[PDB]
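Below you will find one chain, with nothing else, as structure tokens; this is the form deposited in one PDB entry, and questions on how it binds or moves follow later.
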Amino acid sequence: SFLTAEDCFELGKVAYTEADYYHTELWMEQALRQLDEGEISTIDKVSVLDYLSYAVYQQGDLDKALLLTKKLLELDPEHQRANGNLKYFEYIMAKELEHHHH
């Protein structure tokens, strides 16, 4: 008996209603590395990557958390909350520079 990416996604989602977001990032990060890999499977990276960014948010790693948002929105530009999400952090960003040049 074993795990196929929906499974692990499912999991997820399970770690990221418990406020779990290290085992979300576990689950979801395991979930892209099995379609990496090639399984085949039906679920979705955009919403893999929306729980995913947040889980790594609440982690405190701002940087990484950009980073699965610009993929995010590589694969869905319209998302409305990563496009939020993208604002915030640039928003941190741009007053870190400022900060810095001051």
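Each form is matched to the other, and the largest set of C-alpha atoms that superpose within 1.5 Å is called the rigid core. Positions refer to the first chain, counted from 1. What changes on going to the form deposited in another entry:
Shift analysis on the rigid core between the two forms singles out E39 from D61, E29, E39, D76 (C-alpha displacement of 2 Å or more). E90 is among the residues whose C-alpha shifts by 2 Å or more between the two forms once the rigid core is aligned.
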Second form
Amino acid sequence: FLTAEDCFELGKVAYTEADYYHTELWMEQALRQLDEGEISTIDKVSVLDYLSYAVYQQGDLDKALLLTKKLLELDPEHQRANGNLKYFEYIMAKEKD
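Would you generate the structure of this protein in the form deposited in another entry, following the form deposited in one PDB entry above?
FYI, this one's just the chain on its own, none of its partners or other molecules.
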């Protein structure tokens, strides 16, 4: 049985490899396990940080934004997340044409 932390380690390495597809899959699995109440050294915000950017890297801005908003519900002061929100929004606005 792969734990939330196991999923996270796998996703983190995928991330560095820039394998965003597998980052999203592993990070998603981590999150679900967390959402279901798994007792883990890893936290939701950290999963969300990777997950949101991985989804972005694959071109789903809409979903990247939602995950970002989700992270910020949890950690409103999150620096990267706050930046990401404005960035994603900027690109989306410039996208609409």
